[PDB]
Each structure stands twice: as C-alpha cells, then as structure tokens.
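Student: These are the residues of each chain, in order.
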Amino acid sequence: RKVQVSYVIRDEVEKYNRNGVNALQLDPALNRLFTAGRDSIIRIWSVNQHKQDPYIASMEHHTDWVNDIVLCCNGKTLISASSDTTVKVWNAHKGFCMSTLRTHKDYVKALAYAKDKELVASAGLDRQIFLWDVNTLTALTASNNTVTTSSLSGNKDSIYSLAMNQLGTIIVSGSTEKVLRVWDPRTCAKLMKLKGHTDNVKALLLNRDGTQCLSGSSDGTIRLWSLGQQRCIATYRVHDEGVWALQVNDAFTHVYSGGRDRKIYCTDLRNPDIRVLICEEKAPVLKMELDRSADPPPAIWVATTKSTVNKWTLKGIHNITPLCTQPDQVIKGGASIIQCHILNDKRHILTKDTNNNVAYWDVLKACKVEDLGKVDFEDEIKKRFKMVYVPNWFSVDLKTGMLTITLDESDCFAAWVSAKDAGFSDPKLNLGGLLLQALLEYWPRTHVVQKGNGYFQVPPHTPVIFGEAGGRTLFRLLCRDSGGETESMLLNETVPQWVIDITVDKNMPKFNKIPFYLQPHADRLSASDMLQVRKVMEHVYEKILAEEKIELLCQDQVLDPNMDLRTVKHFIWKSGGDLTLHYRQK
Amino acid sequence: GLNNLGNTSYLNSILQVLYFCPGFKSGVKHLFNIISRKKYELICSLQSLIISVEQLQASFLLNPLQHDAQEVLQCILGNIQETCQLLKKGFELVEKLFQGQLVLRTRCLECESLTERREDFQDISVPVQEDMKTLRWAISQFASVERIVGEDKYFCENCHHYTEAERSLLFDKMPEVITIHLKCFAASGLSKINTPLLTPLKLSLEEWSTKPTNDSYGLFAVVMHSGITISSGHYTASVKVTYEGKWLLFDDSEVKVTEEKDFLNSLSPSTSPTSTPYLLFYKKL
Amino acid sequence: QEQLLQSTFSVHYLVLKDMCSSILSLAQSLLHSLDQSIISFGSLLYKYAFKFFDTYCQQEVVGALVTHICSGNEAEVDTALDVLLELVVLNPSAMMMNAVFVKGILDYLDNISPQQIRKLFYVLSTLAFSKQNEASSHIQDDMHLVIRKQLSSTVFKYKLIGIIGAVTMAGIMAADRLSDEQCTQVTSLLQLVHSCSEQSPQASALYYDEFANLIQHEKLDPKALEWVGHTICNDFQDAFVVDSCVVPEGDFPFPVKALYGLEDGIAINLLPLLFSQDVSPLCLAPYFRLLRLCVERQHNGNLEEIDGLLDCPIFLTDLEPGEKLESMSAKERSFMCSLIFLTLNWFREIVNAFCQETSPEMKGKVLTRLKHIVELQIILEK
Amino acid sequence: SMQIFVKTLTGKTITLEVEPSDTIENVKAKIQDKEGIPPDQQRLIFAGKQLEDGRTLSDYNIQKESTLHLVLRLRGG
Ligand SMILES: Cc1cnc(-c2ccccc2C(C)C)nc1NCc1ccc(-n2ccnn2)cc1
Ligand SMILES: [Zn+2]
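Chains as they are written, first to last, in the entry's author numbering: chain E, 13 to 331, 346 to 451, 457 to 479, 500 to 573, 583 to 604, 634 to 675; chain D, 82 to 120, 143 to 167, 196 to 220, 422 to 463, 482 to 538, 548 to 601, 743 to 785; chain B, 413 to 589, 602 to 687, 693 to 707, 725 to 828; chain C, 0 to 76.
Chain E on its own, in the form it takes in the complex:
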C-alpha cells in the first residue's frame, strides 16, 4: 500500500480522556483503575478517595480506539485490543508497551482471560479468535520474538464479545451471527452452538466452573445458558434498549447490566422479580467494572460514551426510584473535537468541541492559536472568511477526539504559498514540504548543519505516525525521538520515497500551471498559480504605470490586481473551461 504520514495536534500530557471509555480494569492490590479510552490512550487512576488527583500515568502507543483491556499476572501485565488491528502487551506497573501482536486483519474488539492458566484470547471483526499464553508473551525478547499461534475457527461473522472461565476450559464467543459458539481452549475444538438471541451480542460471562454462561444482546434481553444442557435456562427482559455491559458477582446469582438506555440494573438470577435500579447515567453504558474487594461488591465503575468515568456505591441493593443519584467518585474527562472547518488559506482550522468551545488552530505550526469560548461556530466561519484559494494539502480526522492531520502523496505538495501570504518574512514556499521537514527535523538523515525548514518548528512532543492508507501502522514516534538509535533504523525502513525526496534529497516538488488566454474586451498563456494579476497587467502593457492604465476583468467582474489567478479561477470563473481574462484600458 501507499504510506501516509499523520500527526496529532495535542498537549504533551493529556491527563483526562478526550473521548469515551470502552473498557475498565481494576487492580485490587494497588487500588488502581485502568481505562481504555476511545482517544487511543490507556490511563491509570488511583481509586483512593484521599487523592484529589487520581491521575497516575498515560499508556500511549495505540493509534485508534482501544476496545478491551485485561489485567493479568497479578496486575503486572496489561493486554490491550484496539481498532488499529493490533493486540499489545504492556507493563502495567511502569506503563510502556512491550510488544505488539499483528495477527488480526480487522478491528480487535474483545479479550478473554483465564486467571488460572494465564491464557488470553483476542477476537475481532476479522472473524478470528487467537489464543495466547501471557508468560510466553511476557518472556518475549528482541532476539526471541517468535510465537506459535493457536486460533479457533468456525465463526462466520465478526466477533463483538469474548469470555473465558477461571480454569481456562471454556471459551464463548458473541458475534452478529446472533448465536453463541463455545470451544475448548486446550484442544481448540468446537463444543456447541447456543442459539436464541435475535441480535448482536456484546456481553459475555462465565462462572468459575465454566458450566453457566450469561449473555446480553442488542435485542435488550439477558439470557442465562447451561453448558451441560446446551440450552437457555432463563431469559431476562430488563432494559428498553440494547444491553452492552454485564457484570456478575462471585456467587453468580446477581447480574449487573447496562446498555444504550443509560439505566443500570441489578437483577436476581434465581428469580427475576427482584430488580433494583442502581442509577441512570448521562450517556449509553459501554462497560462496567465491579469492586470485588468485599462481598457484596461495595461499588461499580461505569464507562460511557462520555469522557467521564463514575463510581456508584452498591450500599443497600439487598437491604422506579434509582438507588443512587450522584456518583460517589468521579474521574474528570476532557472535551472531544466534534466539528472541524479548514479556512480558505489551508493553514488554520476552527474546531468546536463537546463543551461548545471554539478554538483556533495552526496546522503548519501544529499548535493552537487561541480559544474563543462559546462563540457561534458558523458565524465565526463567516467572520474569518478570506478572498484567497489554496489547494488542499492535508486531511483531518477526529476519531480520537483530537486533531489528527494526515499527509498523503497525492496532494501533500499540491499547496504552494508565497512567504508574504504566510506569516514568514517573498520566497516561494510549499506548505506540505515545510511541514514534512519540521516533522522529521530530528532525523539525522535530513541534516546536511541546519535543522528543519528554517521557518517554524512543530512541538517536540508531536506524535508522528507512519501507516498504510486504510491499513496498519508501520511506525509511531514523537518528533523529538527521531534522533535516537532505534528510531533512526525504524525510520529508514518505514519512511516512503515520496517523503525522502523532500526531507533527505532536498528536492523541490512540481510547480502547477493554469493555462489562460487573454482576449481584448469589446493568445494562450500559462503561468504559476500564485502569479498575481499585476503581472498579467504589465504583460499587456508591453503588448500595447501598467496598473493605472490597464484593468483586467473576468466574467464581467473587475479583478483585484494583488489577487492571484488561483483565486480567480476558483472563485470568480465559475466555469469548467480554461480561465479567460479580458484586458481593457482604464
């Protein structure tokens, strides 16, 4: 595929989630909470009430939604699944990624854990389920980096949930097949095919002995299965909308459920008549984590589509009006950029976030210019309108709630801008070439010594990402880390030729031309796109001081002499033919 260069405009430290939280893990030994965010960052929090700042560390190596995390090996290792089609092994005590598994071909959505055998399974949208041994993964080294893969098979649609029992002898898969498939992880052999759900299944549970299964589906029903009888022994219709999260206690007698309807319930399994409404969240519930320190669980952690993670006490469930009204503990969250507009100069972007704040950003310098507050976004677009046209040279995606700018070979160098039009003091400048040199400034291969493009510098903490167009992430690094030994070898392998030509070979991109034929108002010419009208005025003057005696017009409209033909063709021409300019005496 074609390699793209992308980077994120962000702060050095992002303490709070900038998007929703997909998964939760609780460490009882250190009293630590792990949040798998939709902003591609895993964060560690302290659940102690004494600390007024629960933030501990950020675990930032993914490039897309983190869908599931499991805490294994007594809280020393974290396994994460993500939409970037990778499974990653982490040091949960320190907070750095150790290795990346690239066996999946689509989004990885579910992780299953067997505590006794230390066995972890990863399943995703590619209909593949892979089995991993954590100790084998944790003992991997640079020299010894080979692993034998054992994959389950027989699933005809994309998996959305996965489950294992404590002993690691039963694994259940939920998918859009509307059926549940069960295997034996030891022998990698099929056992049964549970049926009865009429929609996608997103939540799965199993007991310690692995003979009973709890499933919740988008149809709004919770079904209790018996693996010995291979049948559904009970069906619970508790929620108005789909069920997305499930939690059960150690006795496997009470199930905690939540989903799209934003309501969380505690349902008694032996008789569904005892139903307690724990709370009503402000957003659809994506995942829930129980506090298993005491029996019954004192509290439950809830992750929603909002950036805030809340804890709800369970004091009095066994002792409709909700049980709780305000969460006991709150972990703050940031704001997600939801709307984006690129201004006419193709250098500044106005963004609006979930708090309705409007901000002004500089793509070239990869920094925020100013905050505007709760200003009308559409009015601000008109207020900053300019009479200029610059070709598109970058793309913007807001999947992680942050500004990610993508540079592709097709249009990276399509924007030529004179230095006077920009804020740099006129030599002729290519925005795409300047940005690439600033991103790879610390790379020794680009030094011939001068550093960078000599006009601006992106923040050193800017994450630079190399990846295939609609594919995998080849290499990810910070801007300031390009000078390292290990990063330089990786950069040589991953940086494509079209970036090498400009950053290493120091070549200059093409100069595009528009052909225009002058006609007297009542001879084809081609010139640079940034050529001003004044130059065409003086060319006619020699054909027949130049500005004062000659006026140019297009489509029966007078032309600004300081304006360029690139702006003329885009705005005033309003036609599919070659640009036509008419010269008439003033």
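Calculated from the structure, these hints are not laboratory results.
Hints are supplied without guarantee of correctness; some may be wrong.
[What the hints assert, rightly or not] Derived SDA-like pairs (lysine to any residue); straight-line CA-CA distance at most 25 Å:
1) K14(E) / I13(C)
2) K483(D) / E189(E)
3) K483(D) / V495(D)
[What the hints assert, rightly or not] Footprint (simulated), chain B over chain D, 3 or more residues, beta carbon under 8 Å:
4) 577–590
5) 757–763
[What the hints assert, rightly or not] Quick list of the computed label-pair ranges, beta carbon to beta carbon:
6) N60(C) / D285(E): 52 to 58 Å
7) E16(C) / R673(E): 55 to 61 Å
8) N60(C) / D522(D): 14 to 20 Å
9) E650(B) / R486(D): 50 to 56 Å
10) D522(D) / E16(C): 25 to 31 Å
Note that the Cβ used here is the ideal one computed from N, Cα and C, for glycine as well.
With chain E held as given, fit chains D, B and C with the ligands onto it using these hints.
Tutor: Showing chains D, B and C with the ligands alone in chain E's frame:
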C-alpha cells in the same frame, strides 16, 4: 417489407410493453390533446405510433447500433416527464405509473443509531445469481438487511468513526407498475448469466414495505434478451392482454398467442430458455 | 517431426502444463513463418496444447487463434481456421465453452475474404450442432440471430455475408447421418434467405450459387431434398418457362421469335424479361443449375422431369447482323451483347445438365447445343 | 468529504469517498478500482435517473448516504 423491425428490437420491446401498460396510452392521448391546442414532438410521435398500432391491432382482430432495452425505456419515460413538468409552467403520468419512493435505512453496529434516506425509484434492480433461485430471493438481496463490513465500513457521524453497519431498504410509496430490472450479467471479463430466476405471476411486496399492505401485483409483461454475450443480441417481449389472459409473443415481425400456462413453463430455468428475461413488469391488482 | 511432438506431449504433459504460455508464445511465433513445414508444426503445437492442458490454457489457445484470424495475413487466417475446425471435431465439449470468443470474430468480417467467411461460418455451425445438450441450444439460436440481421442489414456487403452463412448453416442442419421439426427449421432458414435476396439480382444470384454448390458437394436428408425440389421446380417453371402457343406481345423494337429450338410445347421466356429490365433474367443460369441438381438428387441421377428444357426454343430477336452493325445505337449494342451472354450461359448450363445421359438421341441434342455455343460465341465477336 | 453507497451487480453494497465536485467520470473510476468494471461499461442510476458523463455529483443533489445503482448494458437489436 418489415425486415427492418429487428434493427430496433430494443425500442420495439419497450413500445410493445408500454402499449399494454394500463393507462399509459390513456394518459398519452390526454397529453397529446393538451399539446394539440397549445400551438413536444415525442408526444406527437408517440400518439401517431399508438394510432398506427390501433389500426394494425383492429385489422388483426377482424381480418386475420444495438442498445439496452432498460436504458431506452429510461430515456422515453424521462423525456415524457420533462414535457409534463413543462406543461405545469393529468401531468403526472410518469409519477403515478412508474415512480415510487424508497426508504433507505442505515444502522450503525456500535451506537445502534438509525439514519434514513428517501429516494425515488422507477425500477427495482435485483441480482439473478449469488456471489434454483426465485424472484423473492432477488428482492431479498435488494431490500433485506445487509451488513457492510471490512473495506466497506460505514462512517458514523455519531461515533465520528468507521463502523460496521446494517443497511435495509423499504418500499414506502408504490407505483401502479413495478418494473424489475434483472442483472442477468456478471463480472470477473463481463459475461451474461443465462440462468433465470423462478418468476412468479403474483408478487407481494409487503415483506419489504414500511406499512402492512394487502395490495398484490400481477405480472403482465416480460422483456427477454437472446444471445450469449451482453455486447449484442436480440430483444423480444411477451405481454399480457387484460384473447384476454393470453400472452402475446412479439418476435420482430411475427406475433404469437399462447396460454398463460404455456408461457409460464417457457420461463422455467429448468428448461434452460434461450431468451433470458431482462425486465419484469407487475401491475397493481 | 509430428510423431516426436505427439509422443512428447502424450507422456510428459505434466511438466509441459506448467509453461503453457511459453509453449503458446512459441507456437504463435512459428505460425508467422512462410514455410509450410514450420507452419504445420505450429498448428500441431496449438492442437496438442489444447488437448493435454487444463481449461485455462485451452482458452488461451482459442484466444490466440482468434487473434490470428483477425490479423490480416491470408495464410495465417486460413491456417488458424484449419486448427479451429480440428479443435471442434476432436473436442466439441471444450470448444462449446469457448464459443463466446469464437463468435467475436464476426465483428471483424471487413478484413476477411469471402472464402474465409465461408470457412468461419462452417466451424461455427459445426460446433453449434455438434452436440444436442442445453449448451449447444444457446449457440444454435445465437447463430440464427446474427444471420437474421446480416440478411436484413442495410449494407449490401453484410447482406451477402448473411446469405453465405445461412446456406452454410443449413447444410450442417440438413446433413444426413432428422426429425420433422429439424426439417422445418432448415426449410424456414432457406425461405428467409430466398425472401431476403429477392430484391437484388446479384444477391439472388449468390443465393442460387451457394445453395446449388451445397447440394452438389453434400449429402442432405431425404426429406430436406423433397421440399427444396418442389418449390424450386414450381417457381422456376412459373418464372421462365412459358407456353409456345402464346405469341409474344410488347413494344420491342426488334422482332421476337422462338429461336434455336430442336426437332404444343414449352419455351424459355428470356427476351421480354431482359427488355423489361431496361425473377431477374440474370439469375436464369444459376437458378437452373440449382433446379437441375435438385432433380438429380431427388430422382437419383434421373432427369426425365426436365427433359423438355433441352429441346425447348428460346425467345430471341434476329441476332444475325444484317449489315446494320454500324447503325446500331450505343444502348442497343449494349443490350445486344448482354443478350448473347445470357443465351450463351443458358446453353452452357444445359450442356452441364445433360452431359451424363446415355440415350443416343439425347447425345445428339447435347452436341447440337454445343454447336450452338460455338456459333453464338463467334457471333458475339461481331 | 462525503461517503456514498453503490449497490453492485450481485446486490452487494460498497462505499465510496467522494466530493460534491466530483464528475461522473471520477465516480466510475472509483467503482472500477473496487469492482474491476470499465467506466465506459458502467451505468449509474441515482433516484431513478441515469448519471450522465460530464456532470458533477452536486448537479444531481447527491449527498452523504446516497445510494447509486450499478448496472451494465445488455445490448440488443
Ligand atoms: C408485428 C408487430 C410488432 N410490434 C407491434 C407493436 C405492438 C405494440 C406497440 C408497438 C409495436 C410496434 C410498432 C413496435 N405490433 C405488431 N403487430 C400488430 C399487432 C398488435 C396487437 C396484436 N394483438 C394480438 C392480440 N391482441 N392484440 C396483434 C398484432
Ligand atoms: Zn455509530
């Protein structure tokens, strides 16, 4: 003297079908009268041909490049529509006869939020093979829930992300004539699929309708294509008279009358017919 | 040599299959040569590759042959058509799956000679009617559609091509090895060509020649020969043969008399038809050849039905120049010259018809007709 | 800029990323990249109307989630 009829069998098949469409010639003569005293050539030429066929049909009863057929029907109905809209500046012959409305529903599999689009349609394009099948299977491949995954993921504006989605089409407003465009052609390279579906005489679209309706449809015209390639061939039309109840086989310059049962057996894919059905027309009962 | 090549493919087609494209590239290049020995070897390299390789390399063989026919070189086209006919005979089943590519040659008939057009229609027709499975029924009706629209084409060049192809196909449908429904299909096709060629005389003359050459050199079904004889004998009698009791009438500027008779009778109506051209008389000879061949096949070499056409008179003027050669006008001399050729061509075809008889009085009539040919040819020089 | 759907020959739906300013020849080139069907062989139907070459998607009011239908020409005569 009529050996040149075959050179335009694509247009002849469309005109033969349009002639027996209930109300098509009734509506065309209404427009012809309005254009008559207004003093456009397409309506006038259409009326002359309809009169000419009426003379021929009465005599029959008393004294016994290469072009796509669907594309030609599209141009004829489109040009009739434009003239009707010009007459505004009754006049809803195309809208009432052939134009219906679809509701296209997309459901994201992450947030489970529903988005809908409303689009007009004049025919229903359905596949003939998967990659013995009936017409119900073809419409199911058209209007039942399909999951778009992998390289064809849906971009949810609620999630601001590429997500798997379910797409379903529903029939909101039904026209009097339901045209079925059969994709009896595949790609690897382009070829023609010679195996037809099991075409039923009765069609119920309640399975894919926004509301439960008891309106049924009956087949009255079939446009077939004979040939082993899609680049060239011959078009024939079999219409139904509503002699009533029999099927008229228009083959260039000759007309054949057959019983309804006989024509149905000729449409069976088991017999491997040489004429591959291409357009099915159903009228509301 | 061929046997060495045959043995090579026969016992080692496993190793050769992995490089069929390499073999085909060599075979295609060998066919571009000018030596028959090399050309014949390249044809065999095509035939053996088709026989001993898989389905994919077979389609490459047919596709390579199609490109040879659509190339432009005469020798290359006829050789590739020979291979195509061979491949159809040995493996009709494998060729039935390649009929789409073989049918594509019909779009490039402009750069193909009429002799190669007849051969191209022969391989197409013999492939379509080789089997009776459902696969063959699709190409059988598809070949019918192509010809029905060449016959009805506005271009005269394509109309002549349709006559050649329709007669070629009708010979293979009626080939004796046939049910009544098969017999009426070949009858229906022949009626179509006869109807489509009536308007033009040269197009009609081509139909009579092609259909006569088919009967002479092929053995058809007995039933098919029955219908063609009755319609041809009746139409020809109604077209040219007239009673001698009725004297000619018209505005002819020359005296009209029965001429060149032998020994209540029939006579050939020729002069009024040619003057009316100021069934066409230009097709009198090719049509009678068709009639004669039809009667011979029906009666197994017997010609007792048409014995009266040998000794019948011919309506002609005083073709002897009576010292008026210079006074004859330009229009009259051109009409006079055309009068001699048609009478000569009619006499030549009579000699063709009755040269195989045995009756002593029959032979003298043939000799007299031969003497008339010599006399008329000398008069033509004047 | 916007994403539209195309129902292919088998009835399977694919997705395209298009600009409101793309011409019909650009959409057909994108469909050939995903389906392998030459643009000159492609017929695109939107809302009962065939898209004509040389026009743009904004001419037909083609927006996000708009569904095109892909068919070929079954020529005859
Ligand atoms: C030979 C022929 C071929 N095409 C058409 C025709 C028909 C409709 C529209 C347009 C056309 C032509 C002009 C393209 N008409 C034909 N013949 C006349 C005819 C009509 C009706 C019957 N019929 C039998 C029982 N009820 N009606 C029988 C014969
Ligand atoms: Zn969504």
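Student: Each hint: holds or not?
Tutor: Hints and how they fare:
no.	hint	result
1	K14(E) / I13(C)	21 Å, holds
2	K483(D) / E189(E)	23 Å, holds
3	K483(D) / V495(D)	18 Å, holds
4	577–590	holds (count 4)
5	757–763	violated (count 0)
6	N60(C) / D285(E): 52 to 58 Å	55 Å, holds
7	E16(C) / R673(E): 55 to 61 Å	44 Å, violated
8	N60(C) / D522(D): 14 to 20 Å	19 Å, holds
9	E650(B) / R486(D): 50 to 56 Å	51 Å, holds
10	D522(D) / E16(C): 25 to 31 Å	28 Å, holds
Hint check: violations occur at hints 5 and 7; the rest are consistent with the structure.
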